[PDB]
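Next up is one chain by itself, shown in structure tokens, the form deposited without 2-hydroxybenzoic acid (SAL).
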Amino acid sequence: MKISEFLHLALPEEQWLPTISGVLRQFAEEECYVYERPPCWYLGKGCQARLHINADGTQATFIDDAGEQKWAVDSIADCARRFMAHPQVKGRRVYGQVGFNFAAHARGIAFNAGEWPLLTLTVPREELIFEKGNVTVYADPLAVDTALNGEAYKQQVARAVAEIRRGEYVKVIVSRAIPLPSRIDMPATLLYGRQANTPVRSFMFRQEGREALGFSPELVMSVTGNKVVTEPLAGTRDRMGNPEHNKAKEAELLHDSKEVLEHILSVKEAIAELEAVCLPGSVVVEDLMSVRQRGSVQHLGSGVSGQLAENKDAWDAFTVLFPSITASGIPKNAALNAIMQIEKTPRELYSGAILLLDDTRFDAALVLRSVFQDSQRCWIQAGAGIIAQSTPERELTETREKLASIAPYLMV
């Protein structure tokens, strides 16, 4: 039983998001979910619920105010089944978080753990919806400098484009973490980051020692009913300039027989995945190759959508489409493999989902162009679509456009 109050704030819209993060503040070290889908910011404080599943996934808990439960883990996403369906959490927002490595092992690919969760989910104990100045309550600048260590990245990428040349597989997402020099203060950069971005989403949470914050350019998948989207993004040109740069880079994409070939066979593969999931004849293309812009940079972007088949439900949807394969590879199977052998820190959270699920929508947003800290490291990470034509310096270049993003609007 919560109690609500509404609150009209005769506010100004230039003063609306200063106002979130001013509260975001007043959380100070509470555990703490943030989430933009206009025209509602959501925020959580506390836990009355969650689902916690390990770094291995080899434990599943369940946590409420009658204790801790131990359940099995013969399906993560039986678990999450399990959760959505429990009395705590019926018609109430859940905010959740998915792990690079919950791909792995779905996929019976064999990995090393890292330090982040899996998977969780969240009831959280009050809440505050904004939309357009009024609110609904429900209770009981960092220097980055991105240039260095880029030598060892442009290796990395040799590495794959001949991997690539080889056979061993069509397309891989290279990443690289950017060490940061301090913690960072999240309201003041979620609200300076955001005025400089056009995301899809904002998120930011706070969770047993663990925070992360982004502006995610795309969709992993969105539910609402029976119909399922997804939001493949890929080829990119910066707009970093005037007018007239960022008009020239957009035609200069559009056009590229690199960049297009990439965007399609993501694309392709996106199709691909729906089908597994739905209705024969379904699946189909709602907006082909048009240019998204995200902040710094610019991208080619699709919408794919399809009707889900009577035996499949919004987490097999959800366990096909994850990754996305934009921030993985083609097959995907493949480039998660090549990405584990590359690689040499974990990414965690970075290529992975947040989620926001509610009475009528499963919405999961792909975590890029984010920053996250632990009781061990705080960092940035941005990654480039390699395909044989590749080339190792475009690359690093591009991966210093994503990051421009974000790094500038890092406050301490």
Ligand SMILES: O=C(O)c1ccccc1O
The other form holds:
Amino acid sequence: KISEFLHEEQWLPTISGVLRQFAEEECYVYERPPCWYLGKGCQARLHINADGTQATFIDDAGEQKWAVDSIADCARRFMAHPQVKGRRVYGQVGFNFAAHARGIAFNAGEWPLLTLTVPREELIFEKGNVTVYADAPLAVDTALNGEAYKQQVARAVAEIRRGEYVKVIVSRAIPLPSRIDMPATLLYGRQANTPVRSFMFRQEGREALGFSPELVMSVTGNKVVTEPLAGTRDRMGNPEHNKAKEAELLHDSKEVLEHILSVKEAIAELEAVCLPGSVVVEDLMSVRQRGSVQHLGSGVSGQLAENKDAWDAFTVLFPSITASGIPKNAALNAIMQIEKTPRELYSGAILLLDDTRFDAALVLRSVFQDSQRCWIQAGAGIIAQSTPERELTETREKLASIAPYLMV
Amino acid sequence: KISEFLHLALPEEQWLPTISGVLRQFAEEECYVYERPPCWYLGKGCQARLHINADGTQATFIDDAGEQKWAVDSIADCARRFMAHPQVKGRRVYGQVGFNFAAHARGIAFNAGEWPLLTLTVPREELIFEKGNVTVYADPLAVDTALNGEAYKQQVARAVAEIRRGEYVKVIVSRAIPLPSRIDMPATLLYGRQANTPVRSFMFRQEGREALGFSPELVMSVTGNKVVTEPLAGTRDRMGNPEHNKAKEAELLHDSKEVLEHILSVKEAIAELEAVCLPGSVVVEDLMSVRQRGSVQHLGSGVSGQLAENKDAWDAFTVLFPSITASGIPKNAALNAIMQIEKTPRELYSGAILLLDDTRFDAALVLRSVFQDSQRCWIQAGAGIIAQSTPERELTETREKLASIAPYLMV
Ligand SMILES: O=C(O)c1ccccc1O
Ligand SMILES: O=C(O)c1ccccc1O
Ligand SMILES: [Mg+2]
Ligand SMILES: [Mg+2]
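The block above covers the form deposited without 2-hydroxybenzoic acid (SAL); next, return the form solved in complex with 2-hydroxybenzoic acid (SAL).
Below: every chain and molecule of the assembly, starting with the one above.
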């Protein structure tokens, strides 16, 4: 039921308003051009806890515990539920969803593995209008702790060269001196970036926001698309510098090899769920501009096989190859061996599910805060040809996409 | 034309021998051989020919009514008029396109060789062999590949230095190996084929010029509105045991120099196809997998597209040719570097062989091939030179490739 219809550069500020006017209440914001989506409150929720041992459903009638033998079956059950079907669903998928779904052992973090929410209220910004439906920057030193990171990379490089795996994303968490103003970081960060999706979610005393550089996955009807980005240079100088960096990226043998290794894995992943011969690269290794950095990017698509749904596709595609590694399960393991803080939502997914689409954005270029931690996180794809010093610099170039725009 | 069908109760072992035995009987008549599995098409004589001379200044139609001079304002239009000729419609057409067709099309200045730029021929008689049946329509040289390796190395060095100066990104530098004698074509076909796994095989004789070879890649295939191109680039040997070969395969697939050399050419192929296709129809159906080609294995990708309404197979061919994998990047600068660096005309080397029928426009790249005319008898092979290339490796590469033809040349 459409409540109001008030008649674009005011979209940004309005969302902030909404987040503040109704702060300390649960909110989910998602940008998928030409629209913004803001959901508020909670009419139904599926919550999977940090170690994947409890699935909780909540709606107005109360709380239920659902059998959690398969998180994907829980997600399917939620989407088919009477309180849910026909409604837009805002979701989040933590990094360790992969290990849980994969029968890989893992150490649980603090954040949920998966949540899906039908909001009580919803604003939609489109065609210089909004539709309502109802029932002070901070300085961040991104060099600190550099040497420990380069050791982690040198370890990864040793493991690859020994043949333990081919690629792994090693990331570093940078703790922030104070909690940040999320609505103001959103506004200020956004104008600094050209992301494929933006998001801000506040739920159960935990907050995350970011400018997603790529899609994990998009499903429209029977067509599945994934969008691996891998291979990076800065775009942090004048146009001349940036354009020389673009040509350099296109012709650098290390960056190109990093890229193609991931596209070929993304092809094999889609092949596991798609009709034979339907998997094609629609865009091969073009440069994508993402704020402080520009990347090689490819679009791969296929047609889901008859016995495969968007959740089967999501479990194979998750996490992005470009945020985990190759082969995926060995990389996931190396990540849990090498990294010392839980990724939580970092390298996970933000979801928007509605009548026409399953949309899943990769969680990078993002900032996170709960009762215990406030941090940003960036990594780099490590291959046999990686240099620890260059990969450090790469994380810093990526961190410059979010870090300068953290408002206190 | 009158036709006859024969079932030969011949074992597989004897099929290739029978074909080259028939070729033997065509003695010194003009003829055209093309293998596109499951068939071998042999054409004999000439009923109708389009001839484009070496400098691209004269187009001639020839049939039983005599010679007619056509306007060379557009080779593509000439080729279109020939296909639409009453003499031609409904017949398989055997074509050859010389390296210099590129430069000419692109209004780049070239030095003409002696071979025609392009010819298309409807033969007078035809034989089609397919799995032991035939349909008729009627009315050991020793070659040292190391010799002169030093001169080639300097050509590679010069290309590399030119790339490092930013003149172009990639160029194929090739070397011609003069041969001691004229070769026996039917015996070369027979021995050379069973040692190769080419996309197409060919042999032609026309107006005192001959060529034969085992094409490793298809410039282009068009059936109806769908155009496929299959760029190959990046090489290792497969001259050893299956475990040596499997090692070389994994090594090819993960070598950053080879992977870059491959993808640079694929993206050029994609951009070329996009100029003549429906927006969004150009996709990569097969990304960078290993293809086995006799003495060598290569990375190949399969790219496809849907032709736009204002464009035909002739339009696709003009943009797709020569193979980026035979010229360079950017194409025009690479064609200029090849003309300044190489000392002999390529003629048909790195050109195309065409088989055109009702359904299809099939074009195979001329590499792994042998040429002979009134003046020269030679083989030829090159290598894709990028910033990372070393002259020693690239010489070795030309020799790995030459080994698909050199060992099988018969007198
Ligand atoms: O390492 C990269 O080049 C990269 C770029 C974009 C997204 C994820 C990545 O690992
Ligand atoms: O240089 C190569 O590896 C190559 C391989 C196949 C065809 C053309 C080529 O240049
Ligand atoms: Mg990288
Ligand atoms: Mg090569």
